[PDB]
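Given next are the chains, with one letter for each unit.
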Amino acid sequence: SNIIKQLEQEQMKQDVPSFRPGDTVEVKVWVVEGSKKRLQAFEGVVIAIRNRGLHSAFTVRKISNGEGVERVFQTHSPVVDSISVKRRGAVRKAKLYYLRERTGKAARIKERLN
Amino acid sequence: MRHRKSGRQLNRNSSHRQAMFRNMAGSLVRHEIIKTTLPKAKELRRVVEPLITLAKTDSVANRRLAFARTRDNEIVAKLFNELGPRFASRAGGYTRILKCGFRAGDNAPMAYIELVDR
Amino acid sequence: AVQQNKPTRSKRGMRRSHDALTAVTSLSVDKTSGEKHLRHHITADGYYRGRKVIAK
Amino acid sequence: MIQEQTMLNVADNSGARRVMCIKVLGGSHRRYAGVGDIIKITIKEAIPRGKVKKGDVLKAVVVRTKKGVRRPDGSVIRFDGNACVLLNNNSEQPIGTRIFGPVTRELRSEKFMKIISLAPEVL
Amino acid sequence: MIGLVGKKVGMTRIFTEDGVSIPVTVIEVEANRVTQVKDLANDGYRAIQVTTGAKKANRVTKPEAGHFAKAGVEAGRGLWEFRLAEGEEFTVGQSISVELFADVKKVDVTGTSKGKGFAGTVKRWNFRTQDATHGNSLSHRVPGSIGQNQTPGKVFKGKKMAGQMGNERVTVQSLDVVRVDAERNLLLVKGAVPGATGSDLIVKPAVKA
RNA sequence: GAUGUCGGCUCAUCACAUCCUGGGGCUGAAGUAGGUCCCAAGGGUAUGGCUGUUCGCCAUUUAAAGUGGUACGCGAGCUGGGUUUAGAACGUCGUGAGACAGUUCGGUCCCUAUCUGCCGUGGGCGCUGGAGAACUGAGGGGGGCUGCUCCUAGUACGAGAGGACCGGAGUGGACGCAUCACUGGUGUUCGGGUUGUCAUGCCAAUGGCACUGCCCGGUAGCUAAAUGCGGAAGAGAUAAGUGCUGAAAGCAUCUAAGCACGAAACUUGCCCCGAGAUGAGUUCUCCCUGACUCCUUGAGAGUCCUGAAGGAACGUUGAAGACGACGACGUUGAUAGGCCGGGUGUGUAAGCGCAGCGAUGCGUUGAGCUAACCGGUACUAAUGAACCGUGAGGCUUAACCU
RNA sequence: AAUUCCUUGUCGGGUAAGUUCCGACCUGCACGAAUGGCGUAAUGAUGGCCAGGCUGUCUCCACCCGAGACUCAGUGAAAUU
RNA sequence: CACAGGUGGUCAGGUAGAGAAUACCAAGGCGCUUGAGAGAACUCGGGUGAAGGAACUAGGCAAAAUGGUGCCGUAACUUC
RNA sequence: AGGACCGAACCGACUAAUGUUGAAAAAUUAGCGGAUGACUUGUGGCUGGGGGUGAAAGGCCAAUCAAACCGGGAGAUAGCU
Ligand SMILES: *C(=O)[C@H](CCSC)NC=O
Ligand SMILES: [Mg+2]
Ligand SMILES: [Mg+2]
Ligand SMILES: [Mg+2]
Ligand SMILES: [Mg+2]
Ligand SMILES: [Mg+2]
Ligand SMILES: [Mg+2]
Ligand SMILES: [Mg+2]
Ligand SMILES: [Mg+2]
Ligand SMILES: [Mg+2]
Ligand SMILES: [Mg+2]
Ligand SMILES: [Mg+2]
Ligand SMILES: [Mg+2]
Ligand SMILES: [Mg+2]
Ligand SMILES: [Mg+2]
Ligand SMILES: [Mg+2]
Ligand SMILES: [Mg+2]
Ligand SMILES: [Mg+2]
Ligand SMILES: [Mg+2]
Ligand SMILES: [Mg+2]
Ligand SMILES: [Mg+2]
Ligand SMILES: [Mg+2]
Ligand SMILES: [Mg+2]
Ligand SMILES: [Mg+2]
Ligand SMILES: [Mg+2]
Ligand SMILES: [Mg+2]
Ligand SMILES: [Mg+2]
Ligand SMILES: [Mg+2]
Ligand SMILES: [Mg+2]
Ligand SMILES: [Mg+2]
Ligand SMILES: [Mg+2]
Ligand SMILES: [Mg+2]
Ligand SMILES: [Mg+2]
Ligand SMILES: [Mg+2]
Ligand SMILES: [Mg+2]
Ligand SMILES: [Mg+2]
Ligand SMILES: [Mg+2]
Ligand SMILES: [Mg+2]
Ligand SMILES: [Mg+2]
Ligand SMILES: [Mg+2]
Ligand SMILES: [Mg+2]
Ligand SMILES: [Mg+2]
Ligand SMILES: [Mg+2]
Ligand SMILES: [Mg+2]
Ligand SMILES: [Mg+2]
Ligand SMILES: [Mg+2]
Ligand SMILES: [Mg+2]
Ligand SMILES: [Mg+2]
Ligand SMILES: [Mg+2]
Ligand SMILES: [Mg+2]
Ligand SMILES: [Mg+2]
Ligand SMILES: [Mg+2]
Ligand SMILES: [Mg+2]
Ligand SMILES: [Mg+2]
Ligand SMILES: [Mg+2]
Ligand SMILES: [Mg+2]
Ligand SMILES: [Mg+2]
Ligand SMILES: [Mg+2]
Ligand SMILES: [Mg+2]
Ligand SMILES: [Mg+2]
Ligand SMILES: [Mg+2]
Ligand SMILES: [Mg+2]
Ligand SMILES: [Mg+2]
Ligand SMILES: [Mg+2]
Ligand SMILES: [Mg+2]
Ligand SMILES: [Mg+2]
Ligand SMILES: [Mg+2]
Ligand SMILES: [Mg+2]
Ligand SMILES: [Mg+2]
Ligand SMILES: [Mg+2]
Ligand SMILES: [Mg+2]
Ligand SMILES: [Mg+2]
Ligand SMILES: [Mg+2]
Ligand SMILES: [Mg+2]
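Protein chains in written order, with the entry's author numbering: chain o, 2 to 115; chain m, 1 to 118; chain z, 2 to 57; chain j, 1 to 123; chain d, 1 to 209.
In short, the hints are calculated from the structure, not lab data. Heads up, a few of these hints could be off.
[What the hints assert, rightly or not] Pairs of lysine to any residue residues, derived as SDA-like cross-links and limited to a Cα-Cα distance of at most 25 Å, are as follows:
| no. | chain 1 | residue 1 | chain 2 | residue 2 |
| --- | --- | --- | --- | --- |
| 1 | z | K53 | m | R90 |
| 2 | m | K5 | o | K14 |
| 3 | m | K42 | z | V54 |
| 4 | o | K37 | j | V76 |
| 5 | m | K5 | d | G120 |
| 6 | d | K106 | d | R59 |
| 7 | m | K35 | z | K37 |
| 8 | j | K114 | o | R103 |
| 9 | d | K123 | j | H29 |
| 10 | o | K29 | j | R78 |
| 11 | o | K6 | d | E183 |
| 12 | m | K99 | z | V54 |
| 13 | j | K111 | j | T97 |
| 14 | o | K14 | d | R184 |
| 15 | j | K66 | o | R103 |
| 16 | d | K190 | j | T97 |
| 17 | m | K40 | z | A56 |
| 18 | z | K53 | m | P39 |
Between the sequences and the hints, there should be enough to build the whole structure, so can you do that?
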C-alpha cells in the first residue's frame, strides 16, 4: 500500500552498498554492554540475501573457534552500523545453503574478477 | 482456506491441467472461437491472452517461448503472423466470453470464448 | 446408524418442504430480435445485447 | 530449543564430551530450553581422566543452539550445534576452567559472569 | 471515552534509534463525522454515532442518505456508535480526528477476525490428534469421545466440536500506541490487531488500565 | 430372541472428605519452615525407566503433581498389550481323552446417523402499513493459574545460625486470543541444475514421461517454533474469623436490637453472543395519501389504474464461504481477468561473436523468465429491462389541540 | 529356566531410573538324561533385550498435491421400522 | 454382474541396462459406460519440514534410512 | 557340484493400511519368502463317507466337514420355546 510505502521509505537507509551471495563482508554492529556503546566486527561469507525494502536482511556465516556461526542482519537496523565487502565471491546461486555441510577445502568460494 | 489463492484446480492434476490448457489455447487460436465449460473458459483466458501479448513483440526468443508453450508450429506461426499484428494496438482483453446456456449431457454451464476481432 | 421407528409421511413432507425448485424470475428479451433468453446468456439464434455473435 | 533426550556437546574443559538433557528446570510442563536456560543432564561420553565421569547427573547451562536467539532488532544468531557448559548441582557455578567456542549476549548476567569472562568471544 | 473507526492499512516495523524493531500495525484513522447524538431524554443512554470514509452516491440508499442529510454530513461507508462518559459532550456534524489519541498510551482494537472457514477440532480448540500409526484406524484427527455414558446420556451444552472459526468480533486489549500522525491521518499501534488488511477497526482508549 | 468386561489414547464433566494458590483459629507458633482444625471448588494440578498393568517402585522436576462419581465415564470415538476360541510347548495333575486365576510364542475389533443431544449454519412466518440502519439490553457464555529475582531489608525476630509479614517493580512457565512486520515451514501454479528416454526433420533450443523423475532455492496465502496481547485493579453482599457498643443476667458477653471489617468462592467490573427477551423493546431515516363495483355489510370480496422506498434475481467477485449466508462492484464502473510500471524470486535466457582441438569459458548480461503481491489503466466481461413489494395502515379508552 | 508359585528372590552388568534382558548363586513349589540331558558353527517373514544410522513414531503438529466428502444434472440402493 | 479376482502354451523390436527387472518408446491397442463445478471439516494415497531425534508405543508398528560396479579391507566363533 | 547365493517369470502369503451392506462370500497397494528343487504346472486317471487323503491342522474331501451332499425311514423325538 502507498501509506506503508512512504512509512518504510521514511526509515530506509541510503548508505547500504551492493553485495551478493558469496561475498565476504564484515559488518560492524553496535554492542551496548555496560553503559558504554562500542562496535563489534562480524566477518564472514554472505550466504543469503532477502530483499524486501525496509524488511531486507542477509545471512553471514563465519567459522569461529571451529564453531560455525550464522547471523541474520536486518539491513536497515540502526544496530547494523556499517557493512564493507572484503572480497567478491563468484557463485552460480542466490542462497548458498550448501556451505553448511562444507568446511575448509570444500567451503572455498571462488573470486569474481569482474 | 484458499485466501488470495488463484487458479482453478478443475478436478485435475497439474500435468493434466497444463496439457489441457495447452490444447485449449491451441484450439482457440486455430478456430478463433470455441465452446467450453464456463470455468474452463475463464481459466483459458489467463493462458491465451499472455500468448498474444508475447506474440506482439516478435523475436526468435519469443517464438521459442510461444512454442515451449502451446508446442505447435502452426499455432505459433498463426500467433506471430496474424494475432500479433491484429492485436498490436489493443492493450489486453483479447478474448470475449459469452455464456450460452447449459450442456445437455451433464448440465454444465457452457460459454463461447472468442477473439475480440473475429 | 439406522432408524428405530419409521418416520411419518408428515416428517417426510416437512423435510421435503425445502426441496422445491425456484422458477426463473423473468426472462430477458433481446433488444433487436425480440427473442427470449436467460439474462446474460446469448439467445438461441445467436444474438446477445443486440448483435449476432455466433454464426448459426 | 533443547528438550529431553537432546544430545548437547560440551563447551568446557570439564571432561564431558556428549551430554543428554533429561529435564528442563524452571516450570511445570516446560518444553524447551534456550541459550541461558538451566537444564539437568547426564554424561553419556566423557574423556578418561576428566573431572567428571560417565553417568553423573548434574545441571548445565545452554550456551549455543541451532535454533539460536533473537535480538531486539529482529536479528538472529544461529550456531551449528547445541552446546552446554556444565554446572555443579548446588553451587551452579561452572565446573570447567575454560570455555570453547563463542557464547552470546544472553548470558551477560550475574549468574554466568564466569562464563562471559572466560569465553573466547561473546556475540 | 469515545473511540474512532479506522482501516487496517497493514503491518510494518519501526526501527528506534536504539536498534529495536517495534512491529506496528498501521491504521488509517481518518476523520469521523458525528451523524447523531443520543441522550438520556430521548434514548436512555448517552452515545454518539459516527461515520467514516465515503460511499457510492448511487449505492447510498434513500433512507441512509436521508439520515446523513439530517446531520448535514457526507455519506460515509458505515455507522458506528460510541458510548459517552459523563464529562464529555459532542455535537452533530463534528469531525473527530486521530489527534484524539495524542495523550493516550494504550488502546483497544476490535475488529472482525479472519474467517478460517469450517475449522476442525484440532484447529479450533487445539485438540490433540491420535497416533498417526500404531494401528490407528480412520481416527487420526477426530474429536474422540464426546461424552460419558448412560449417565448423563447426553452431550453437554458448550461442548467443543468443529464448526465455524474466525470471522467474528475480536478485541485485542492494551496495545501500546507508538505514533499518532494527525497530518497523514495515521495511528501506529505496537502489535497485531484482528482482521485482514482493509478491514474496519474500532480503536478505543484503554479500559483495563 | 446378546446391556462388549482390564489397561492405553482423545475428550471430558460433577462432588468436596482441598494437593497448590486464597482467608482464618490454636500451637509444645521467637524467625524461616511447620503440626492441626475451620471457611473456600475460581483456576491449576508432571515428564520418563520397568511391567499389558490401572497400581507400585525409581530418576528428575513442580506452587501442586488431590481423593472420588460419571456402565470401576468414554471400542455405532481409536487401539488390542491383558484376560476368555481354535495351533504349539513347558512344569504339574490324570492310565487316557484332556486340565490348571500357572506360564510361554501366535492369533480376522463391523455400521452410509432416523430420533434425542451438541457444534455450526441457513429457509419460513411472526413482531399489527412497508423498508434501510444504528442500538439498549433481559439472558447466556468465555476468562479467573502461578512462580522466581530485586527493593523494602540482613530490617523486624533471633545467642547465633538463620531469616520475615505488609507493600512495590522486573521477569518467566503453562494456557488462551489475535496476527504475519520479523525468524522460519510449506509453497506439485515461479526460476534454475541434472539423469534416462521419446518427440518437435536435423544442429541448437525446448516439450512430454519417469512419485513434482531427482534435486536446489523461493512469491502470495496459510502457518508455528515466530511476535503482540490477557488473567487484573476496583466496587457490593458475605463465609470461617475478628471486633465496637450492648442488655437479657446490676457483672460479663461480637448480638438479642444497632454498627464495623472480612477470601481466588457469589453479584459486578474485562471480552463475545444476545429483542423468537411471542415480555418479539427503543431511536433515526425513507416510501406509498387513485377510481369503481357486489354484498355473503365484514378487520368482506372483486375489477380497473398504479408499483413507491426497498428487496430479490442475474452478472463480475472477495483476506466471506461445504451449500445457503455475509461483503464489494455492475459502465455515473477499478468488481474480476487482461495490459502497463514496479516489487519479488531464481539467477547472467536465446541468438550472435570471441578463446579453446573439445567439453567449456568469456562479452551483449545481472540478463532472461517471473503465480497468488503493489500502484495504475475500461481493453474484455459485469446490458435497457424484467420480477417481488403497494396505493396512508383495526378497535377501545385516556390526555392533549378543537 | 518356554519349567520358579512366594517373586519385581538375592548379587553383579547395562540405564538418570530396567517387573523385561545378560552373567551368576541354588532355597529345583513342580529340570534331568532318546514322551532324550547339556552344548552347538551355519540357517530363521522365529521370541526377548541392547546400540549406531535414520526419521512427523513423538514433542506438536503446519502446509501442499491428488481421490472422496460439499453443490448442480442423470440414474438410484440397504440394513432397520 | 459388462465383477480390480482366476485361467495352459506360442511370438516377443529400439535406447540405457547383466537382464524376460526397470525408465521412455515402436508394431499394435487403449483413456478403464456417469459427468461438471467448488477447493470446508474429516477419511484415503502421497510430498516436504524448523530445533529435537524413539522422548511415541504393548513393541521403532509404520515411515525414514541403506541400496550398483571395481578396488582396499574385514572380528569373535567354526562342523574349517 | 550344490534340497548353494542374489534376483524377474512362476509358486506362496510374514507385516502394515485400505476395504469390512467390499471392486472381491479372503482381494488391492507398499514391502515380504522360495525361485534346479522334498520345485512348479497342463492334460488324463485312481482312492469315497465311520470311508478316502493327510511333511498332522481334526486339515482337505465342489464357498458345506469332530464324520460330505441328495433322496428316503420322516410329520424321528422335543417334560423346551
Ligand atoms: C466369560 O465370562 C465370558 C467370556 C468367555 S468367551 C471366551 N464373557 C461374557 O461376557
Ligand atoms: Mg485473487
Ligand atoms: Mg467429480
Ligand atoms: Mg508427472
Ligand atoms: Mg427397540
Ligand atoms: Mg432436502
Ligand atoms: Mg476465509
Ligand atoms: Mg499428543
Ligand atoms: Mg490411517
Ligand atoms: Mg432385543
Ligand atoms: Mg470444606
Ligand atoms: Mg461454583
Ligand atoms: Mg469471580
Ligand atoms: Mg508412570
Ligand atoms: Mg529403551
Ligand atoms: Mg515396557
Ligand atoms: Mg470402564
Ligand atoms: Mg475416573
Ligand atoms: Mg476400554
Ligand atoms: Mg471401530
Ligand atoms: Mg459407546
Ligand atoms: Mg453404544
Ligand atoms: Mg492379544
Ligand atoms: Mg490348544
Ligand atoms: Mg429419541
Ligand atoms: Mg512470516
Ligand atoms: Mg508479506
Ligand atoms: Mg523461507
Ligand atoms: Mg512463505
Ligand atoms: Mg520446494
Ligand atoms: Mg540437441
Ligand atoms: Mg509420451
Ligand atoms: Mg454491659
Ligand atoms: Mg530483484
Ligand atoms: Mg534454460
Ligand atoms: Mg526375578
Ligand atoms: Mg542399577
Ligand atoms: Mg538389578
Ligand atoms: Mg538369567
Ligand atoms: Mg521334560
Ligand atoms: Mg520330566
Ligand atoms: Mg524317558
Ligand atoms: Mg528336543
Ligand atoms: Mg524356512
Ligand atoms: Mg536407538
Ligand atoms: Mg444428485
Ligand atoms: Mg465396465
Ligand atoms: Mg498362469
Ligand atoms: Mg527390450
Ligand atoms: Mg515392464
Ligand atoms: Mg502408435
Ligand atoms: Mg483436498
Ligand atoms: Mg495424510
Ligand atoms: Mg516424507
Ligand atoms: Mg522435522
Ligand atoms: Mg529447505
Ligand atoms: Mg533439520
Ligand atoms: Mg510413555
Ligand atoms: Mg519409551
Ligand atoms: Mg518395519
Ligand atoms: Mg537354491
Ligand atoms: Mg500353503
Ligand atoms: Mg504383492
Ligand atoms: Mg519376490
Ligand atoms: Mg534363503
Ligand atoms: Mg531368491
Ligand atoms: Mg509333473
Ligand atoms: Mg451313507
Ligand atoms: Mg487340537
Ligand atoms: Mg469347502
Ligand atoms: Mg455320526
Ligand atoms: Mg418311524
Ligand atoms: Mg425325510
Ligand atoms: Mg418335526
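* Taking only the CA atoms, is the gap from z:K53 to m:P39 under or equal to 25 Å? -> holds, 23 Å
* Asked: Keeping to a limit of 25 Å between CA atoms, is the pair of m:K5 and o:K14 held or broken?
  -> Cα-Cα ~33 Å, so violated.
* Is the straight-line distance between the alpha-carbon of d:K106 and that of d:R59 25 Å or less? -> violated, 37 Å
* Pairwise hint evaluation, o:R103 against j:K114, where the allowed Cα distance is 25 Å at most -> violated, 33 Å
* **Hinted pair d:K123 and j:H29, Cα distance within 25 Å** => Judged against 25 Å, a Cα distance of about 22 Å means the pair holds.
* Could you grab the alpha-carbon distance between o:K29 and j:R78 and see if it respects the 25 Å cut-off? => holds, 18 Å
* **25 Å Cα cutoff - pair d:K190, j:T97** => Violated: d:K190 and j:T97 sit about 44 Å apart, past 25 Å.
* Between o:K14 and d:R184, does the CA-CA distance stay at or below 25 Å? -> Distance of about 22 Å is within 25 Å: holds.
* Would you check the hint for o:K37 and j:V76, treating anything up to 25 Å between C-alpha atoms as holding? => Answer holds: o:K37 to j:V76 is near 23 Å, not above 25 Å.
* **Given pair status - m:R90, z:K53, alpha carbons within 25 Å** => Holds. z:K53 to m:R90 sits at ~22 Å (cutoff 25 Å).
* Asked: Given the proposed pairing of m:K5 with d:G120, does the C-alpha separation stay at or below 25 Å?
  -> Status holds; Cα separation ~21 Å.
* Taking 25 Å as the top limit, are the C-alpha atoms of m:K99 and z:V54 close enough? -> Answer holds: m:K99 to z:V54 is near 11 Å, not above 25 Å.
Going down the numbered hints, you'll see the structure goes against 2, 6, 8, 16, while the others check out.
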